[PDB]
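Single-letter residue listing:
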Amino acid sequence: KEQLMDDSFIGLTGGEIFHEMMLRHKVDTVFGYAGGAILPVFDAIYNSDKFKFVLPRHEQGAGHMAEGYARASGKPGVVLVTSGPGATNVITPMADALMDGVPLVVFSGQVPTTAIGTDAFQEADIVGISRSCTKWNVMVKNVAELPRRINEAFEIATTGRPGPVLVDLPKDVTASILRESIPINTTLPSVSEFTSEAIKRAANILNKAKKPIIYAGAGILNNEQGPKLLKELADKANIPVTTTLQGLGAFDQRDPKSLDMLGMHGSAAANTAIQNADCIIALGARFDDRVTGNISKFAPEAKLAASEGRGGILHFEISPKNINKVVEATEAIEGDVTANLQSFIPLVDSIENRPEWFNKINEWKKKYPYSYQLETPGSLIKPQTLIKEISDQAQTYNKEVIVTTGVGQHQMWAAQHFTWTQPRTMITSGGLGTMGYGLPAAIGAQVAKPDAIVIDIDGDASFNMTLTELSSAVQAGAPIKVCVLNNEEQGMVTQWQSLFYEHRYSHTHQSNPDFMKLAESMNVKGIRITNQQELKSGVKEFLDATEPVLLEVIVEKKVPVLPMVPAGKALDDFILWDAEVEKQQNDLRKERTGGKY
Amino acid sequence: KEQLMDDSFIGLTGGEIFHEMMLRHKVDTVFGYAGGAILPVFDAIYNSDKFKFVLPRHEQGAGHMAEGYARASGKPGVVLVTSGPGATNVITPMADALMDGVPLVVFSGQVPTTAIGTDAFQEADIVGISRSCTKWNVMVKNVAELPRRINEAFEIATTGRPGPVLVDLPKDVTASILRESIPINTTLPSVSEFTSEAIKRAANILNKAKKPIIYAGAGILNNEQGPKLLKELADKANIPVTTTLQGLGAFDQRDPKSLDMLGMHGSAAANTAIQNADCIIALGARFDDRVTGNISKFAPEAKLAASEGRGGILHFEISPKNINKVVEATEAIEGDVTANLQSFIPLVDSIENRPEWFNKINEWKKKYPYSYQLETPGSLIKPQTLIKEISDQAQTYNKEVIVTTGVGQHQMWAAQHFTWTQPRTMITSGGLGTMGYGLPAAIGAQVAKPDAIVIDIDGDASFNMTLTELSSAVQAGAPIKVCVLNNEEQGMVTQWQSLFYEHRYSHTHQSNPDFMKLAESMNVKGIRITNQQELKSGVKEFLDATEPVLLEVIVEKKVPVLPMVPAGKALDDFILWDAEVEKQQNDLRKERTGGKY
Amino acid sequence: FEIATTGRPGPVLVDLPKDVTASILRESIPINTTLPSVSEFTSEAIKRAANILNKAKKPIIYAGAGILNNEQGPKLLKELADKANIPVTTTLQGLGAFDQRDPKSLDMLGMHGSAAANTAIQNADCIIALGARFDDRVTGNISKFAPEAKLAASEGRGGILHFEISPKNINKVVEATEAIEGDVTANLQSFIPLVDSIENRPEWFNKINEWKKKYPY
Ligand SMILES: Cc1cc2nc3c(=O)[nH]c(=O)nc-3n(C[C@H](O)[C@H](O)[C@H](O)COP(=O)(O)OP(=O)(O)OC[C@H]3O[C@@H](n4cnc5c(N)ncnc54)[C@H](O)[C@@H]3O)c2cc1C
Ligand SMILES: Cc1cc2nc3c(=O)[nH]c(=O)nc-3n(C[C@H](O)[C@H](O)[C@H](O)COP(=O)(O)OP(=O)(O)OC[C@H]3O[C@@H](n4cnc5c(N)ncnc54)[C@H](O)[C@@H]3O)c2cc1C
Ligand SMILES: Cc1cc2nc3c(=O)[nH]c(=O)nc-3n(C[C@H](O)[C@H](O)[C@H](O)COP(=O)(O)OP(=O)(O)OC[C@H]3O[C@@H](n4cnc5c(N)ncnc54)[C@H](O)[C@@H]3O)c2cc1C
Ligand SMILES: COC(=O)c1ccccc1CS(=O)(=O)NC(=O)Nc1nc(OC)cc(OC)n1
Ligand SMILES: COC(=O)c1ccccc1CS(=O)(=O)NC(=O)Nc1nc(OC)cc(OC)n1
Ligand SMILES: C/C(NCc1cnc(C)nc1N)=C(/S)CCOP(=O)([O-])OP(=O)([O-])O
Ligand SMILES: C/C(NCc1cnc(C)nc1N)=C(/S)CCOP(=O)([O-])OP(=O)([O-])O
Ligand SMILES: [K+]
Ligand SMILES: [K+]
Ligand SMILES: [Mg+2]
Ligand SMILES: [Mg+2]
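Protein chains in written order, with full-length UniProt numbering: chain E, 77 to 266, 277 to 683; chain L, 77 to 266, 277 to 683; chain Z, 230 to 266, 277 to 456.
Watch out, some of these pointers could steer you wrong.
Derived CB-CB ranges, DEER-like [as the list claims (entries may be wrong)]: (1) L/618 to Z/407: 52 to 58 Å; (2) Z/456 to E/218: 24 to 30 Å; (3) L/627 to E/616: 32 to 38 Å; (4) E/86 to L/396: 52 to 58 Å; (5) E/87 to L/396: 47 to 53 Å; (6) E/623 to L/627: 40 to 46 Å; (7) E/478 to L/212: 19 to 25 Å; (8) L/536 to E/151: 47 to 53 Å; (9) Z/386 to L/317: 31 to 37 Å; (10) Z/412 to E/278: 36 to 42 Å; (11) E/81 to Z/246: 28 to 34 Å; (12) E/87 to L/655: 23 to 29 Å; (13) Z/233 to L/264: 24 to 30 Å; (14) L/627 to Z/412: 40 to 46 Å.
Stretch-level coverage of chain L by chain E, calculated; a stretch enters the list once three of its residues show a Cβ under 8 Å from a Cβ in chain E [to be verified]: (15) 109-121; (16) 666-672.
In short, the hints are calculated from the structure, not lab data.
C-beta atoms are modelled at their ideal positions from N, C-alpha and C, and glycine is treated no differently.
Construct the complete structure from the given sequences, taking the supplied hints into account.
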């Protein structure tokens, strides 16, 4: 009994217990912001040398920083904020983390238990508000249960599909002192025959396939061996590989078997290949509606193969909720994709050549490059060209390169035109798609990986959302590299307004600050590229900098991201770039807007 | 039947119907930000000349702007945002509006009804998330019900205790076209014997009182005749008047009967008077826990009088939920306080003099001024002095003057040291207490009242939260006046850390940008006051400006807001300013921090 | 089981999916999960409560279901009533907590309670609420409830002493002059020794006995 109970926390405040549990969970970084209700915890962590504390300018900043940290490091991102508005300000980052499967542990101060439900000063019902944007949450009601709840939070955040959790900390609980012993288990952190048979059946199906394709996503990144086993499978059975936006970097795009990204703005070669494949191996991807195109018209050849007993969809998925949610799996392989790949690959036959399939694959790649209208004499820099320049120069350094983005056209062009080669190097808001993510995510990733080059490829409207966090990067010592693609428009929305609303640009042009004076005011280096002849040397200065730096690039306006699978269309029913079409579109836009755009 | 149905909307899209209903509800301003799911509504309002559209840099900005607009104008603040993160970004302003009783009508785009519940692109469960921070919300499910739901929203937002509502607008609903007639009532906007007897009993109680006091709050501001009837009552029955933070401006503070603000940081004269009053007339105030002090020790003399049948608490309250919630009312007068005052006052006896009560009142006012340590040769400007300077110079213009604030010490000093004389001139986050409120609220108030001087008295940490909205003020043509009290600290938190945590300043010093370069980058005039000899002329330049302007003032650091009723103490158990005590505290802080603070 | 039986006891539900109850445990589990299981603040409140009762000239015990939740509850209730010479009324749910045959029994109070019990609580200067929640079948019109105890509280010579285990039910309906948080039986063990022994209350019990005589059922 004495062996099962622990007295070592007796005499500590809840805040002190919190501090000790952070250490036991190997937390090396906390992102947060103080306030009245969370003071007992801030007093306990005062001058701690046990972890780095990162102070944002806004709690949304703390949230997205913790996300960037978690995606760069594979560890949970820990957030510590006060009650009321400190807590409600973390709602967008929590919903973001939930949609993108990001392990976030949010600790929010709360008014004393005696004031809850009285419309108290700085009281929000954050447990109610965050229910739908967390995997789980709880309000701690006494200090004796605080260690158990902290263990529970970290365990839930990091198991199954990773995601956000919230633990609410009333001020009287964190100020109270533990007076009683607690179970010692609470003071420390931590293949079915059914699945084994599904794996065997899956292998037998793949061994019949004549047109296989791997559709790989974020889940493969959640194990360090993931990308290795993906390559091992693709190499053994000779299978072309496409990834989602969130799977970018899971497979070496330089490899001949790389089909690049699929989906709404993915390669027409990848989209064509998945529409014609007789066997689809879905590895840690959830068939999102930006990827599938028209669901009823998705993967016709794999559905036919399944019906004829010679292919189908093999779905390696850790969360049962996402199995058979969108598309019917021919075989569902439940659990960690990397673990299940270790069992799968040895049952898979080695294949030397697939001459007709790869003849088709190579023909599609050749006819469907990411084409766009190149610069002409006197024109502005094209945003596609800028991305290529950054990608080509960044790979010259002897350092890891991590990219974060905002949301919009710049995000899609970054996805398309960067060459992705390493896991956890694309850190982008995909499911919720939060403008403003890019800068704080970069700071969080830079803190996780202090020897990495971290580049925030950002849109001007996105950057405007959270640009106050530039001060935070300086104060944290995070030498991030922000590149603002300044088209002076919410380009992704003007793209839709051009295509579907006859060039009626309804409130999609926000005015920008002077980004060079802004950088100066924030004590950040500033570079501005305004013409084609400054692109190369300006990008070099940007990447050579050893301090935080903001690069502004003036780029062409009103240019669409192509290819594009419009809403309602099948994945292989895409719009492609055409020079003459673009020219006509420009003329039509000019006429319709009286020359304003 | 034809007389009761209406066909006039047949053939319009949901977006077009939205637009027409804004007009029918006399909306003259919409605050919002575009995105994919709300495009059909943005297309319908394209180039509308029916209202002004205000574009922020962040949807939180739109939310707080709409709040500032509503509090300045008495009209609901209308917000229009997209799905997913556009919607979750309005959660803090909704919780803010709920706590402070602000009529907000939030319209959020949503993914098509066919995608709801599928973890769709940019899908949040905003109806679930916002349930607890709205009076009411709804998801519109077909276009035929869109006019009814819009009417419902405006009606709920503006009746009872005003507050926020949310209406969720799926993209397929707002793109769909009305094909059927709808009830014509849905296409147009819009004293019990029990209460009458309570009013009579209330008058009889007041007519017995020998030490009455009026405790007036935000509710009195919700009717244009409110302040007039408050004055009429105070004048007739010869009653001293104290207000909450949110009631500031309900009563002319220049009047001899003014006791100023009560509460945690209110006047010790007001706090003493309410602790000794035999009759408390609570007019549109909710007995918040920043006001009452220790509840069991609150208003002892009024409780005694009630028990002896010669006084008590007379609570004029519109929301039954807030009657007898905190303190027992001797008489509850349910409904609009202004309407019920019209019945009340004629039953109230006219009183010429109250010599002993006003002898006490005048003695308390004399001994309890808002004292503080004045400037000395070479010292920094004191923040209390700055506020007095602004208040004195602002009243020289022939214009209305509206003040918004951030949250913290600067907010309390603004409340204490301004002289409040007019209704709806103090626009401040009180119940939720949201840092970052000040700048966007000012923009919203300036749009509501374009001929007013609007001054955001802001803290440096608060201002950092949302400073990107400076661009928004320029783009909106709102010549707001921002005064940043730069103490380089989260002063309200360092005040608590000094007093209760032995000068352990745990993460309460955020680094600031260069505010003058920041202003320049945002195309805003900048003024910096760094010493005592620049205060007068700098404040004059600030107020004389006819364009948006940011004033930075360097002020004394580590100075507490006094008086202060510490948590747990009775309202009349306050800390007062003492020169020697302040000196000792400075010496102790210097010793404990090794001279750092 | 722990939640059901601690604090204010109440119902809990555990939902058991068929595939979980048919599945077989394949992994070890923490051994703690395979086995079942006075603050200075409250101590000071108890002392203040005793000082208030020691001033009372018209005390009454209002006892409810909470006193039944400890086997020693009724014993300590009797010990208190006997020591300080206090009449006892109970709720419907407290029936049987006190021997109704005892001369100090006022019977049940409330909507259909004895008019003697109802009269006594309306005239008492000190009300000792033991494990009872001031339900709306018991209090009658809340604003008119316990006028003499409210007056005594304001004059610093009585009031309501509420022994309650669930903070949610403290100051929910009526303001407690002293709130004594936790198990009523445990807190009575501390309380009674601080309470002065009283031999007679001639005028109060003269009123009590007159009310019982004129208000039978
Ligand atoms: C403007 C914009 C345009 C976009 N267009 C595209 C586009 O064209 N193409 C595109 O791909 N995306 C696009 N997106 C992003 C898209 O919305 C989704 O975010 C993304 O496709 C999801 O990719 P994913 O399935 O790999 O990742 P996730 O959403 O994180 O899903 C991962 C899946 O793997 C599972 N999983 C997690 N861990 C494991 C494990 N250890 N083992 C097994 N399974 C696991 C998860 O439970 C989940 O089901 C766009 C986003 C924006 C903002
Ligand atoms: C750092 C900080 C310190 C603070 N310290 C203080 C302080 O010292 N003193 C202080 O006063 N505040 C202080 N506050 C603010 C405090 O938290 C509350 O916000 C404020 O006191 C509420 O004032 P109120 O009751 O008048 O307004 P509200 O909270 O809006 O309540 C108004 C009440 O009137 C009712 N009502 C509304 N309309 C009508 C109507 N037409 N007729 C009748 N009734 C109506 C409402 O239903 C409600 O019950 C502080 C805030 C901060 C951030
Ligand atoms: C037709 C009808 C008529 C009724 N009329 C009457 C009437 O006239 N008179 C009457 O009395 N009732 C009447 N009732 C019943 C009434 O509605 C309530 O059910 C009852 O009065 C509650 O009694 P109680 O407070 O003792 O019990 P409970 O409702 O169980 O409350 C017990 C309280 O003690 C607390 N408590 C529990 N355990 C402990 C502990 N260990 N230590 C300290 N505190 C503890 C609880 O948290 C709770 O606050 C009537 C019911 C019906 C159906
Ligand atoms: C955050 O509010 C609470 O924690 C709270 C709410 C309701 C009831 C009781 C409390 C605890 S408290 O009264 O002691 N206030 C407190 O802890 N912090 C506190 N901090 C300030 O700035 C740091 C300013 C301030 O009131 C202006 N209150
Ligand atoms: C906002 O998402 C939706 O409205 C949605 C979500 C799930 C299923 C269907 C829809 C409607 S949609 O597929 O037609 N997309 C849409 O309306 N807007 C849209 N806007 C973009 O930028 C303006 C970019 C973009 O995908 C990258 N989608
Ligand atoms: C308004 C909007 N989307 C809706 C929206 C609104 N609000 C938020 C917080 N997030 C999103 N995604 C976009 S993508 C425009 C982004 O503009 P940008 O940051 O300048 O990027 P770009 O011009 O490259 O498309
Ligand atoms: C951190 C904090 N309060 C907790 C907090 C945290 N986060 C938010 C969004 N709001 C609040 N109210 C305060 S009041 C400090 C404010 O500092 P300031 O804006 O520089 O003002 P001042 O120094 O005058 O007190
Ligand atoms: K690429
Ligand atoms: K004043
Ligand atoms: Mg842009
Ligand atoms: Mg400050």
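Outcome of the hint check:
1. L/618 to Z/407: 52 to 58 Å: holds (54 Å)
2. Z/456 to E/218: 24 to 30 Å: violated (45 Å)
3. L/627 to E/616: 32 to 38 Å: holds (35 Å)
4. E/86 to L/396: 52 to 58 Å: holds (53 Å)
5. E/87 to L/396: 47 to 53 Å: With a Cβ separation near 52 Å, residue 87 of chain E and residue 396 of chain L satisfy 47 to 53 Å, so the hint holds.
6. E/623 to L/627: 40 to 46 Å: Hint holds: Cβ distance 42 Å, inside 40 to 46 Å.
7. E/478 to L/212: 19 to 25 Å: Violated: the Cβ-Cβ distance is about 55 Å, outside 19 to 25 Å.
8. L/536 to E/151: 47 to 53 Å: holds (51 Å)
9. Z/386 to L/317: 31 to 37 Å: Between residue 386 of chain Z and residue 317 of chain L, where Cβ atoms are some 36 Å apart, the hint holds.
10. Z/412 to E/278: 36 to 42 Å: violated (55 Å)
11. E/81 to Z/246: 28 to 34 Å: holds (33 Å)
12. E/87 to L/655: 23 to 29 Å: Holds: the Cβ-Cβ distance is about 27 Å, inside 23 to 29 Å.
13. Z/233 to L/264: 24 to 30 Å: violated (55 Å)
14. L/627 to Z/412: 40 to 46 Å: violated (59 Å)
15. 109-121: holds (count 8)
16. 666-672: Per the Cβ count (0), the hint is violated.
Hints 2, 7, 10, 13, 14, 16 from the list above are not met by this structure, while the remaining hints are.
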